[PDB]
Every structure is written in structure tokens, then in C-alpha cells.
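The residues making up each chain are set out below.
There are 2 protein chains.
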Amino acid sequence: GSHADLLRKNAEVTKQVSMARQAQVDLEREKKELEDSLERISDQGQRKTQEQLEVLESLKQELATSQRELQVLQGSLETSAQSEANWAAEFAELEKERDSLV
Amino acid sequence: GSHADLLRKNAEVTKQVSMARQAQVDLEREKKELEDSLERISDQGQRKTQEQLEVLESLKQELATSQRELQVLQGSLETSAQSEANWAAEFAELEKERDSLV
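Going line by line, the protein sequences match chains A and A'. A prime marks a further copy of an entry chain. To convert, take the position in the first sequence, counting from 1, and add 479; that gives the entry's author numbering. To convert, take the position in the second sequence, counting from 1, and add 479; that gives the entry's author numbering.
In short, the hints are calculated from the structure, not lab data. Be aware that one or more of the hints could be misleading.
20 Å max Cα-Cα, derived DMTMM-like pairs, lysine to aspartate or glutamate [to be verified]:
{"id": "1", "chain 1": "A", "residue 1": "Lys-539", "chain 2": "A'", "residue 2": "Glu-548"}
{"id": "2", "chain 1": "A'", "residue 1": "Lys-539", "chain 2": "A", "residue 2": "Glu-533"}
{"id": "3", "chain 1": "A", "residue 1": "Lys-494", "chain 2": "A", "residue 2": "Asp-505"}
{"id": "4", "chain 1": "A'", "residue 1": "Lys-575", "chain 2": "A", "residue 2": "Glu-548"}
{"id": "5", "chain 1": "A", "residue 1": "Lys-511", "chain 2": "A", "residue 2": "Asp-522"}
{"id": "6", "chain 1": "A'", "residue 1": "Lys-539", "chain 2": "A", "residue 2": "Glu-541"}
{"id": "7", "chain 1": "A", "residue 1": "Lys-575", "chain 2": "A", "residue 2": "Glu-563"}
{"id": "8", "chain 1": "A", "residue 1": "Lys-510", "chain 2": "A", "residue 2": "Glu-491"}
{"id": "9", "chain 1": "A", "residue 1": "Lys-539", "chain 2": "A'", "residue 2": "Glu-541"}
{"id": "10", "chain 1": "A'", "residue 1": "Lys-575", "chain 2": "A", "residue 2": "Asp-578"}
{"id": "11", "chain 1": "A", "residue 1": "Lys-539", "chain 2": "A'", "residue 2": "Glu-530"}
{"id": "12", "chain 1": "A'", "residue 1": "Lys-539", "chain 2": "A", "residue 2": "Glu-563"}
{"id": "13", "chain 1": "A", "residue 1": "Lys-494", "chain 2": "A", "residue 2": "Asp-484"}
{"id": "14", "chain 1": "A", "residue 1": "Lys-539", "chain 2": "A'", "residue 2": "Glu-536"}
{"id": "15", "chain 1": "A", "residue 1": "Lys-527", "chain 2": "A", "residue 2": "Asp-515"}
{"id": "16", "chain 1": "A", "residue 1": "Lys-527", "chain 2": "A'", "residue 2": "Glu-572"}
{"id": "17", "chain 1": "A'", "residue 1": "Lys-510", "chain 2": "A'", "residue 2": "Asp-522"}
{"id": "18", "chain 1": "A'", "residue 1": "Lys-575", "chain 2": "A", "residue 2": "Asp-484"}
{"id": "19", "chain 1": "A", "residue 1": "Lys-575", "chain 2": "A'", "residue 2": "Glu-536"}
{"id": "20", "chain 1": "A'", "residue 1": "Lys-575", "chain 2": "A", "residue 2": "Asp-515"}
Quick partial rundown of chain A residues pointing at chain A', CB under 8 Å, derived from the structure [said to hold, decoys possible]:
{"id": "21", "residue": "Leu-485"}
{"id": "22", "residue": "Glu-569"}
{"id": "23", "residue": "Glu-574"}
{"id": "24", "residue": "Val-581"}
Incomplete in silico selection of chain A' near chain A, CB under 7 Å [unchecked claim]:
{"id": "25", "residue": "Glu-541"}
{"id": "26", "residue": "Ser-555"}
{"id": "27", "residue": "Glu-557"}
{"id": "28", "residue": "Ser-559"}
{"id": "29", "residue": "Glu-563"}
{"id": "30", "residue": "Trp-566"}
Beta carbons are placed, not taken as given, at the ideal position from N, Cα and C, and that holds for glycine.
Pulled out of the complex, with its shape left as it was, chain A reads as follows:
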């Protein structure tokens, strides 16, 4: 009857209330880990952006230095070369003399 129905109907509403109060708990908790995960994937993402900027900066620095160094060696080779030339000429003169004496 109407009494049975109301009593049954009401018993269900109580169960649903309980279930909703549970969803509350489960959701509010599931959101706490999303909050954390988000806070991390962000924290990490902003530091990766940095390392990169520091890698790119350093990279330019490294190349620039290598260039300066390469230019200095090109000069040392230049001078050394000029020096080997003199030795030959120097040796030439001694040879000319040695030949004169023998």
C-alpha cells in the first residue's frame, strides 16, 4: 500500500544520501591527488624550460670559445710555418759555407 511504498521509498532515499555523501568523500580525495600531480608536472615543466635555456646559452658560449681557440691555433700554425721557412734558409747558408770549405 501507500504506507509500504512510502516506507520503502524513504529507505532508498536514505541509502542514496549515504552514497552521495560517499561520492563527496571519494571525489574530494581524488581531487587532492590531481592537485598534487598537477603541482608537480608544472613544477617540473618550468625547470625543464630553464635547463634548456641554460643549455642553449652554454652551447653558444662553447661554440664562441672554440672559434676563438681555432683562430689562435691558425695563427700558431702560421708562425710555426714561417719559422720552419727560416730554418731552411738558415740551413741553406750553413750548407753553402760547408760546401765552400769542402
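Got chain A sorted already, so can you dock chain A' onto it with the hints?
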């Protein structure tokens, strides 16, 4: 009276309809330029991301090459150096002989 009010009231609704039909036109048009601007700032943003990737790649390539080149010069200096040594020794022998004859 009620007739004056309805007639006046209705005249206003007609004016508003017209104004709304205008907002339609103006908005639908203002959105066409947002559509374009967005399509551009995006198109440009995706190509800038590329150039960069190509700058970074090239940069590594350049540094790597400079390193190989620097290493080769370090060797040329090494050999040239060894060569200057020989000249001195070579010159030394000639000198010893020249001194013997004089």
C-alpha cells in the same frame, strides 16, 4: 492610454529588433577577423618553433665540427713542432762540420 502605450511599446521593440540584427552583423564580422588573427598568430608560432629546433640542431653541428677542426690543428701544431726540432738538430750537425773545417 493603453492604445498609446501599446503603440509606443511596440515601436520600441521594432527598434531593438533592428539593433539586435545589427549586433548580429557586427559580431559575426568581428569574429571573422579574430578567426584570421588567430589563424596567423598560430601559423607563425608553429614556424618559430621550427626555426628554433633548426637553430639548436645546427648549433650542435657547428660546435661538433669546430671541435674536430680544433683537434686537427692541435695535431698539425704537434707535427710542425716536431719538425722544427729536427731542423735544429739537422742544423746542429752542419754546424759541427762547418766548425771542424774552420
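Status of the hints after comparison with the structure:
This hinted pair checks out: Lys-539 of chain A and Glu-548 of chain A' have alpha carbons roughly 17 Å apart, not beyond 20 Å. Between the alpha carbons of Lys-539 of chain A' and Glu-533 of chain A the distance comes to roughly 14 Å, so the proposed pair stays at or under 20 Å and holds. A hinted pair counts as satisfied when its Cα atoms are at most 20 Å apart, and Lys-494 of chain A with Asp-505 of chain A qualifies at roughly 16 Å. A hinted pair counts as satisfied when its Cα atoms are at most 20 Å apart, and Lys-575 of chain A' with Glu-548 of chain A does not qualify at roughly 40 Å.
For the given pair, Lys-511 of chain A sits about 16 Å from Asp-522 of chain A by alpha-carbon distance, which is consistent with the 20 Å threshold. Taken as a hint, the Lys-539 of chain A' and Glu-541 of chain A pair is honoured in the structure, with Cα atoms around 10 Å apart against an allowance of 20 Å. About 18 Å separates the Cα atoms of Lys-575 of chain A and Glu-563 of chain A, which keeps this hinted pair within 20 Å; it holds. The suggested pairing of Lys-510 of chain A with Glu-491 of chain A is violated, with an alpha-carbon distance near 28 Å, which exceeds 20 Å.
Restraint check: the Cα-Cα separation between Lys-539 of chain A and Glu-541 of chain A' comes to about 10 Å, which is no more than 20 Å; the hinted pair holds. A threshold of 20 Å between alpha carbons decides the hint, and for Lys-575 of chain A' with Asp-578 of chain A the separation of about 14 Å falls inside it, so the pair holds. Restraint check for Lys-539 of chain A and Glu-530 of chain A': the C-alpha separation of about 16 Å stays at or below 20 Å, so the hint holds. Note on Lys-539 of chain A' and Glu-563 of chain A: the hinted pairing is violated, with a Cα-Cα distance of about 36 Å set against a maximum of 20 Å.
A C-alpha spacing of about 15 Å is found between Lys-494 of chain A and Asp-484 of chain A, which places the hinted pair at or below 20 Å, so the restraint holds. Between the alpha carbons of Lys-539 of chain A and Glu-536 of chain A' the distance comes to roughly 12 Å, so the proposed pair stays at or under 20 Å and holds. Pair hint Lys-527 of chain A plus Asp-515 of chain A holds up; C-alpha atoms about 18 Å apart against a cutoff of 20 Å. Restraint check: the Cα-Cα separation between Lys-527 of chain A and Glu-572 of chain A' comes to about 65 Å, which exceeds 20 Å; the hinted pair is violated.
Restraint check for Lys-510 of chain A' and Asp-522 of chain A': the C-alpha separation of about 18 Å stays at or below 20 Å, so the hint holds. With a CA separation close to 130 Å, the supplied pair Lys-575 of chain A' and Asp-484 of chain A exceeds the 20 Å bound. At most 20 Å may separate the alpha-carbon atoms for a hinted pair to count; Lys-575 of chain A and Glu-536 of chain A' exceed this at roughly 58 Å. This hinted pair does not check out: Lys-575 of chain A' and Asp-515 of chain A have alpha carbons roughly 86 Å apart, beyond 20 Å.
Using the Cβ-Cβ criterion of 8 Å, the hint placing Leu-485 of chain A at the interface with chain A' is not satisfied: the shortest such distance is roughly 51 Å. A hinted interface residue such as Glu-569 of chain A counts as satisfied when its beta carbon comes closer than 8 Å to some beta carbon of chain A'; here the least separation is about 6 Å, so the hint holds. Because the beta carbon of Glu-574 of chain A sits about 6 Å from the nearest beta carbon in chain A', less than 8 Å, this interface hint is met. With 8 Å as the threshold, the beta carbon of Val-581 of chain A comes within range of chain A', its nearest partner Cβ sitting at about 7 Å, so the hint holds.
The closest approach between the C-beta of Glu-541 of chain A' and any C-beta of chain A is roughly 6 Å, which is under the 7 Å cut-off, so the hint is satisfied. For the restraint placing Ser-555 of chain A' at the interface with chain A, the shortest Cβ-Cβ distance is roughly 6 Å, inside the 7 Å limit, so the hint holds. At a threshold of 7 Å, the smallest CB-CB gap from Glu-557 of chain A' to chain A is about 10 Å, leaving the interface hint violated. For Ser-559 of chain A', the interface hint holds, the least distance from its beta-carbon to any beta-carbon of chain A being 4 Å, beneath 7 Å.
Residue-level restraint check for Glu-563 of chain A' holds (minimum Cβ-Cβ distance to chain A is 6 Å; threshold 7 Å). With its C-beta approaching chain A no nearer than about 4 Å, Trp-566 of chain A' sits inside the 7 Å limit, and its interface hint holds.
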